[PDB]
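In the form deposited without the named molecule, a lone chain appears below as structure tokens.
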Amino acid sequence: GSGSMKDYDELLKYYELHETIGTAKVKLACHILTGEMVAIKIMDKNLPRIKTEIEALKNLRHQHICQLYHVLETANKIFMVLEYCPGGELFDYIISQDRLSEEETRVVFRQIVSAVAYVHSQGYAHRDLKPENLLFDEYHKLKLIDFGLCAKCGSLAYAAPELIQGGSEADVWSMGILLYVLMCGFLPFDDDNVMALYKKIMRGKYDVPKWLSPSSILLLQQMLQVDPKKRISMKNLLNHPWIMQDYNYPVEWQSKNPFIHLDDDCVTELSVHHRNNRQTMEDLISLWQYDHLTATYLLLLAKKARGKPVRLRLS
């Protein structure tokens, strides 16, 4: 729509665009003040899905959730500045590998479980967990995306039987489907005819390949209980015996990224730059309006974590 280049003007204040990385257009970009790379979602206003995703992401902050840095609304456009995830979809990685070893699966699955536990702890349900919605960042860490359908009906193969007719329990079902696909490279319930796939899900029966360990088979049946009330709880999952093989500590699901605690180095650089003192800056930062100040703080925090200088660009 439109084709206007003036629509980009306020954005170009803060970011330097680079090439499209996704065709809801997604461009790679550099945040000018920090030099950090980000992915920018460009929407031309021609959904309540976006408003749902945006509002969820304002309240969620976690090492396995793809981070919202900046929301820029223009007369004609909505811009979402998001964490940049060069590693691609978990889905791509699954196809490319045929199927994952139990050790490989466990590494990634502990991360999916980290993210989803945190989501539930903030009173949300994703309702659309599937490998297309999981991305690898530069460090090969998984990032949960796509909060359009979240609550305070995804894709069918991943949808719990309870959910189809008529919350956190369905996410556990979906993670169950995820775990099987990771270790098998194909779905537990699948068919060309969508009507047939529906009945399979409802019976709840599925093939179990020779290469799955008994441990895996047990976890799978605990997550894929067609009775929602029989599904394993998030609590028991966090330290489940399969989950802890090779690790010996439960999944650390608690967020490492606070809304309350500010980092002093970053506040310092922001104060100096905007010509303020700390209390003024800290108050402004803690309003989290997800304006340009939000982005610069989080990208500076992200810059520090990388071991780069805590420095904003001289302008």
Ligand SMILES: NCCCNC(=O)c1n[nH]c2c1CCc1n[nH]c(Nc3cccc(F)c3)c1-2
Second form
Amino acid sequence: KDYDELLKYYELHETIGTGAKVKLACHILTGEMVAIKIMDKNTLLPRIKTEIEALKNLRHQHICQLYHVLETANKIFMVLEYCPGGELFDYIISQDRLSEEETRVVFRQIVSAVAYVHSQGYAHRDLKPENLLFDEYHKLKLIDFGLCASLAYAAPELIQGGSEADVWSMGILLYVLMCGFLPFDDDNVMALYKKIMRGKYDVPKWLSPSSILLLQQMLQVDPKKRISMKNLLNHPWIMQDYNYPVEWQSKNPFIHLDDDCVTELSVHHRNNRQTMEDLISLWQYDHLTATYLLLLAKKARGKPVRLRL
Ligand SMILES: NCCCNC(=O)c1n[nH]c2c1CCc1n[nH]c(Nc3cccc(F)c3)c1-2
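Counterpart to the form deposited without the named molecule, namely the form deposited with the named molecule bound:
Following is the full complex, with the preceding chain placed first.
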């Protein structure tokens, strides 16, 4: 009976992830695939409120989109953009490591998401390959804003008790993509803590001089000597082969609304377009937010803006 409300809107499928859990599901009104993050309230908690509040406020081409927050006596449900491509983590593992060229393709997407997160006044604080998914177009989507304002990924000053720390974590990520293993690792947490504080890591033979130089700028122990996010957007390495800076500004507006989506919702709601717009622009992350955003996603995927009434 904890699933009663949910089953009004979505048809559930197989659980894909466990231990929060994650279920694949279909949104009935649009027919769009989603992923539903299911969390127990008793067996847990403000970590969830943190995240939900973050995702309500963040909207971006490289952030896994929150469509819908449902809450029951026992459960909390988060209906999220469906990323069939799987984790960045598993993809590195299959390839062993990424080429510099492929690392750059991926890394630009990470910078874009993180630069935007910082622009909105947040720090992610838990950046790692497990927190990055590929959508059906092999585009990166950032997840899990629960620790936002993994020891392997933590900046020295964070460990010692905000946006500088993210730059450091992006550095570790950069290293992992190109190397296939951590720059700092150890069985023992305090030994790891010490390696991180010292800041010395193996520099593998296959890294280009330009890779090594970027790594060295991002992985500065002193946060004040560390490349800033602004300077990362147009770093020589980042610009290689692209010749334009990372486009970090969000498409996916809060203010501009899609006319076709407004129209189809208007006919469902049997109201006029101005009423429908005011209603959408409250962004309450109820079924309306879900349906609007899912109609928009239907449209981007080149499908007709159509509800199933
Ligand atoms: N720090 C640990 C993070 C916990 N993991 C997730 O929340 C999570 N893992 N995987 C997902 C999510 C939420 C959004 C999300 N959308 N699509 C997928 N996963 C997915 C994975 C494989 C096939 C597929 F169709 C979907 C997810």
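Just so we're on the same page, rigid core means the largest C-alpha set that superposes within 1.5 Å between forms. Numbering follows the first chain given and starts at 1.
In this core superposition, residue 192 moves its Cα by 2.1 Å between the two forms.
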